[PDB]
Structures are given as C-alpha cells and as structure tokens.
Amino acid sequence: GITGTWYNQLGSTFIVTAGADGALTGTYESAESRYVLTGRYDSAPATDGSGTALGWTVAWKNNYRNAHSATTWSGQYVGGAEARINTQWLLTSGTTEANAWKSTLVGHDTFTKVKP
Amino acid sequence: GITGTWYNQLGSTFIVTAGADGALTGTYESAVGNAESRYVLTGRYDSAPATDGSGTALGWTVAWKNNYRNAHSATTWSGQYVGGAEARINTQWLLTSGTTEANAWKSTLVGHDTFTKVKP
Amino acid sequence: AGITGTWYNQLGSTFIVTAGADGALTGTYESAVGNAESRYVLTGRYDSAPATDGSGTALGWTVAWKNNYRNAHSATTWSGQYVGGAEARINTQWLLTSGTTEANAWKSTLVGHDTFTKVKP
Amino acid sequence: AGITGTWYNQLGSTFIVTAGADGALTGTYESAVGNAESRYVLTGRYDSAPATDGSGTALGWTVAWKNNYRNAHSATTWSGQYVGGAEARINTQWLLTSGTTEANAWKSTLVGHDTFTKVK
Ligand SMILES: COC(=O)c1cccc(-c2cc3c(=O)[nH]ccc3o2)c1
Ligand SMILES: COC(=O)c1cccc(-c2cc3c(=O)[nH]ccc3o2)c1
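Chains as they are written, first to last, in the entry's author numbering: chain B, 16 to 46, 51 to 135; chain C, 16 to 135; chain A, 15 to 135; chain D, 15 to 134.
Honestly, the hints are just simulated from the structure, not real lab data. Keep in mind that the hints are not guaranteed to be accurate.
Cross-link-like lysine-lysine pairs, in silico, DSSO-like; alpha carbons within 27 Å at most [claimed, not checked]:
| no. | chain 1 | residue 1 | chain 2 | residue 2 |
| --- | --- | --- | --- | --- |
| 1 | C | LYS134 | A | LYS121 |
| 2 | A | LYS134 | C | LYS132 |
| 3 | D | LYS132 | A | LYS132 |
| 4 | C | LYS134 | B | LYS134 |
| 5 | B | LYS121 | D | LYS134 |
| 6 | D | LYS132 | B | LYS134 |
| 7 | D | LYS132 | B | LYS132 |
| 8 | D | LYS134 | C | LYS121 |
| 9 | C | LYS132 | A | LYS132 |
| 10 | A | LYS132 | D | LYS121 |
| 11 | A | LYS132 | B | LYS121 |
| 12 | A | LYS134 | C | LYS134 |
| 13 | D | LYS134 | B | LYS134 |
| 14 | C | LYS134 | A | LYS132 |
| 15 | B | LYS132 | C | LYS121 |
Some residues of chain B that are not near chain A, with every Cβ distance over 10 Å (derived) [unchecked claim]:
| no. | residue |
| --- | --- |
| 16 | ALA119 |
| 17 | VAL125 |
| 18 | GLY126 |
| 19 | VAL133 |
Backbone N, C-alpha and C define an ideal beta-carbon position, used for all residues, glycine too.
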C-alpha cells in the first residue's frame with residue numbers, strides 16, 4: 016500500500032517504491052525541484068489495526084540547487100479507503116557552531132493518495 | 016569525513032558509508048529499546064557543503080526490524096556533521112511506533128544524540 | 015475576538031484561557047487522552063503586541079498533569095501561534111515529558127501537534 | 015523541591031525561578047550579561063508531588079520574547095525534568111515558534127535542547 020505517489024497538504028509530491036527488503040526509494044518534489056529520497060519501513064507490520072512505521076530523508080541538493088540542509092520524516096502509513104502517511108519532520112541546515120542552536124526546524128506533514 | 020564507525024552518548028554503534036551520490040548506507044546497533052543486533056540504515060547527506068565553516072547536513076532512518084526482533088517502529092535522525100580535531104555528528108531524532116488511530120497521539124518520541132568516533 | 019476564550023483541539027480536549035494585558039496566559043486544560051481526569055491548571059505567555067504585517071501571535075503554555083484527582087508525573091508544553099480570521103485558530107506543536115529514571119530518560123518525551131478552534135470539531 | 019533558584023544553560027543564558035507550593039513556576043529569563051534589555055518574564059508549571067522511586071520531576075515553562083525594550087514576535091517553551099543531587103540538572107527540550115503568515119507557517123518552529131546546571 017505504500018508504493019506510489021503521495022501528496023502533502025502544501026503542494027509537495029512524494030513518489031516512493033517500498034521494496035521487499037524494507038527499503039524506501041524515490042523522488043521528492045517540493046514544488051530543478053526534484054530530489055532523491057531514501058528511507059526504511061517495517062516490512063512486517065502488525066495486522067491488528069496499527070499503522071506501519073516508516074521514515075525517509077531528503078538532502079536538498081540536486082543538479083540545479085543546494086540548500087545545504089536535509090529533512091527527515093518519521094511517521095506511519097495507515098491503509099484503507101482514506102489512506103494516509105502521517106508524519107512529523109525535522110529540517111536541519113548546515114551551520115556554524117555559533118548558529119547551531121537555530122539549525123533545526125520541526126513540523127508535520129499529512130500525505131494522501133489524492134491531490135488536496 | 017562522514018564515512019566510519021561512530022558511537023552515540025549511550026553506546027549505540029553507527030557504521031556508515033557516505034557515497035559519492037549523496038547516499039548514506041550502513042548498520043545501526045542500539046544500546047536502548049526493543050533492539051538486538053544490527054539493523055539496516057539508509058539516508059542522505061549534502062555531498063557539496065558550504066566552504067564557510069558550516070557543518071554538513073544529513074539524515075538517516077532505521078526501521079527496527081531484523082531477523083531477530085521487530086518493534087514495529089522506526090527512528091529518523093536529522094543533524095549535521097562537524098569536522099575538526101574531534102569530528103562530531105550532532106542530531107535530533109524522532110521515533111514513531113505503529114499505533115491504532117486512538118493511540119496515534121502518543122506514537123512519536125523525540126530526543127537528541129551526539130556521535131563521535133570514540134566510545135563514551 | 016482574540017486569544018481569551020474556550021478552545022477545543024482536534025481530539026476534543028478543552029482549553030479555557032485568559033490572555034492578560036501583561037502577556038500572561040492563565041486558565042484550565044481538560045484532556046481527552048492519557049492519564050488525566052477533570053481540569054488542570056495552565057500558565058503561559060503570549061506576545062501582547064504582535065506584528066502588523068499579517069503574522070500570527072506567538073504563544074506558549076504548560077500543564078503539569080497533577081490535580082486533586084490524579085498525578086501522571088508528567089508535563090506538556092504547547093508552543094504555537096494564534097491566527098485570526100473567519101475561523102480563529104491556534105496552531106501548536108507540543109512536548110510531553112514524563113519524570114523518569116536516568117536509564118529511561120531517552121524515552122521520556124513525546125512530541126505532537128494540536129490545532130485549536132473556538133468551535134468544537 | 016530543589017528547583018527554586020538560579021540556573022545556567024550550556025550557552026550563557028540564565029534563569030531565576032521560584033517553584034511555588036502548588037506547582038507554579040515564576041521568574042525571569044536573561045542572558046549571561048544580565049542587562050535589562052535581555053530579561054524576559056517566564057511562567058510555567060511543575061509536578062509538586064513527584065514519584066519517590068528515583069524518577070525526575072516533570073516541568074515546563076514559557077518565555078514570550080517581548081519586554082519593555084524589544085519584541086521578537088516569538089515564544090519558547092521548555093519541557094523537561096529536574097534531577098536533584100550534588101550535580102543537580104534540569105534537562106529540557108524546547109520549541110521556539112515565531113509569529114508568521116500562513117504562507118511561512120511551515121518554517122515557524124525551531125527545536126532544540128538545553129541542559130541547566132546550578133553553576134555557570
Ligand atoms: C518501539 O521501539 C523503540 O522505541 C525502539 C526499538 C529499538 C531501538 C530504539 C532506539 C535506539 C535509538 C538510538 O540509539 N537513538 C535514538 C533513538 C533510538 O531508538 C527504539
Ligand atoms: C502518558 O501521558 C500523560 O502522562 C498524560 C497525562 C494527562 C494528559 C496528557 C495529555 C493531553 C494532551 C493533549 O491534549 N495534547 C497534547 C499532549 C497531551 O498530553 C498526557
């Protein structure tokens with residue numbers, strides 16, 4: 016249920032293949052705009068109504084731009100008629116030590132299979 | 016650089032390779048939690064960082080399933096590598112467990128780990 | 015209109031708050047989840063002179079989960095901003111830390127996000 | 015309770031708090047220098063009847079970064095636990111939210127951690 020195209024609340028698109036070995040691979044488009056993503060998921064989740072745990076990372080460098088930063092999303096996939104990937108994220112920028120206190124933003128993204 | 020064997024402040028072991036393409040690959044052995052032996056990790060890093068003294072941004076994920084245990088959970092670490100005399104990777108992390116919807120509000124733990132190339 | 019009033023989050027918790035002229039937040043919180051029963055004291059702070067460029071109003075508050083009925087040995091802080099408009103909203107992220115031993119401190123803190131409206135969802 | 019008094023973080027910030035009998039935290043948060051322009055009101059809550067099994071004491075507090083001299087249009091909350099003893103600590107994680115437009119709300123909140131001690 017994870018493999019495919021997902022859309023967040025703010026116009027980003029998250030394209031992923033969930034491999035048999037637990038790998039997540041794909042591309043993330045935040046709007051020149053496409054970036055590699057890589058992560059992991061629980062390939063043997065419970066079958067009791069619980070979600071499937073997962074996470075992935077995008078480093079914001081491609082052949083066109085480099086923000087010197089990376090985001091990790093941590094969350095769970097929930098299947099069914101209104102399937103979702105519900106996540107919280109951390110976005111760390113490369114900084115000097117003096118600016119490291121303000122290096123990390125936090126937020127949350129909800130992904131759906133149908134454009135918002 | 017990033018490639019090497021690292022240890023967090025609690026004794027976990029982070030064996031990572033930073034590839035030419037921005038890929039992080041390797042294994043993680045946890046000193047806490049419902050964990051036993053090595054787990055696969057994968058992630059990404061900035062392969063062309065700034066040249067102004069700033070650190071190198073990175074992140075990686077471990078899903079806590081291997082051939083011996085499955086905790087139905089996954090941790091992501093987000094941080095930066097800082098070079099120098101004692102190289103360091105400073106991170107914050109999120110650990111999400113699979114839950115029912117009614118329990119989703121308590122699904123995610125947060126903390127911070129610092130990694131060096133020497134054991135604590 | 016403003017921060018003062020009765021608010022509800024997406025899970026049905028009830029947040030009754032007064033925003034004082036000095037920047038103070040006071041009131042009570044009743045949680046729809048967790049080891050909680052009835053109302054708990056909250057205190058916090060807000061920006062009493064927000065920017066005039068369309069930005070929201072920054073704020074935060076704390077509940078320690080002890081009252082006359084129960085004590086969960088934990089505390090939540092919500093950090094967020096009030097957004098005025100047709101449907102007023104307070105958007106927050108929160109940290110819930112439990113008292114633990116040192117060996118369990120790594121798993122002491124939960125994180126999440128709550129959105130509050132003056133209309134109960 | 016051991017909480018009342020002056021505490022110092024790892025980066026040169028100071029706070030002076032009073033822990034009231036029924037769970038109130040009140041005080042001031044400032045910089046190491048301590049000039050009036052760096053001082054802000056703080057308010058929060060703590061568990062006034064913690065466990066007796068060796069666990070820490072849960073607490074939290076908020077500073078809105080407005081005083082009579084400047085206004086950053088932002089607020090920080092610290093969530094953590096107090097641990098007593100000869101090397102007492104308050105170990106926290108924090109969230110700093112700025113007032114933003116909706117278009118910029120995705121980047122409104124910074125996260126980090128502070129460790130407070132009784133000595134600078
Ligand atoms: C439900 O399962 C878990 O909560 C669990 C299981 C196994 C290992 C971990 C673990 C290890 C580790 C670490 O070294 N640093 C930061 C977080 C973290 O989490 C967590
Ligand atoms: C194990 O959990 C607790 O110790 C506990 C006890 C009482 C209430 C809560 C509670 C309510 C609430 C909420 O509405 N939003 C965000 C966090 C949050 O936490 C947690």
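Hint-by-hint comparison with the structure:
For the hint pairing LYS134(C) with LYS121(A), the CA-to-CA distance comes to about 21 Å; that is within 27 Å, so the pair holds. Of the pairs offered as hints, the one joining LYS134(A) and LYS132(C) is violated, with about 52 Å between alpha carbons and a cut-off of 27 Å exceeded. As the CA atoms of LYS132(D) and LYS132(A) are separated by approximately 42 Å, the hinted pair breaks the 27 Å bound. Between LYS134(C) and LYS134(B) the alpha-carbon distance is near 47 Å, which puts this suggested pair outside the 27 Å criterion.
Distance restraint check for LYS121(B) and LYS134(D): the Cα-Cα separation of roughly 22 Å lies within the 27 Å cut-off, and the hinted pair is therefore satisfied. Distance restraint check for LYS132(D) and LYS134(B): the Cα-Cα separation of roughly 53 Å exceeds the 27 Å cut-off, and the hinted pair is therefore not satisfied. At roughly 52 Å between alpha-carbon atoms, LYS132(D) and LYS132(B) are farther apart than 27 Å, so this suggested pair is violated. Note on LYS134(D) and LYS121(C): the hinted pairing is violated, with a Cα-Cα distance of about 36 Å set against a maximum of 27 Å.
Restraint check for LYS132(C) and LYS132(A): not satisfied, since their Cα atoms lie roughly 52 Å apart, outside the 27 Å limit. Straight-line distance between C-alpha atoms of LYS132(A) and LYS121(D) comes to about 25 Å, which keeps the hinted pair within the 27 Å bound. About 32 Å separates the Cα atoms of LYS132(A) and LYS121(B), which puts this hinted pair outside 27 Å; it is violated. This hinted pair does not check out: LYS134(A) and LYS134(C) have alpha carbons roughly 52 Å apart, beyond 27 Å.
Distance check on the hinted pair: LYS134(D) and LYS134(B) sit about 53 Å apart at the alpha-carbon level, beyond 27 Å; violated. Using a Cα cut-off of 27 Å, the hinted pair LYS134(C) and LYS132(A) is violated, with the two alpha carbons roughly 52 Å apart. Simply put, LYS132(B) and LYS121(C) have alpha-carbon atoms about 25 Å apart, close enough for the 27 Å limit, and the pair holds. The beta carbon of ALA119(B) sits about 20 Å from the closest Cβ of chain A, which is more than 10 Å, so the claim that it is off the interface holds.
Listed as outside the interface, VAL125(B) is inconsistent with that label: its C-beta sits roughly 6 Å from the nearest C-beta of chain A, within the 10 Å cut-off. For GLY126(B), the non-interface assignment is contradicted: its Cβ lies about 8 Å from the closest Cβ of chain A, within the 10 Å cut-off. At roughly 21 Å, the least C-beta separation between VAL133(B) and chain A is larger than 10 Å, which holds for a residue marked as non-interface.
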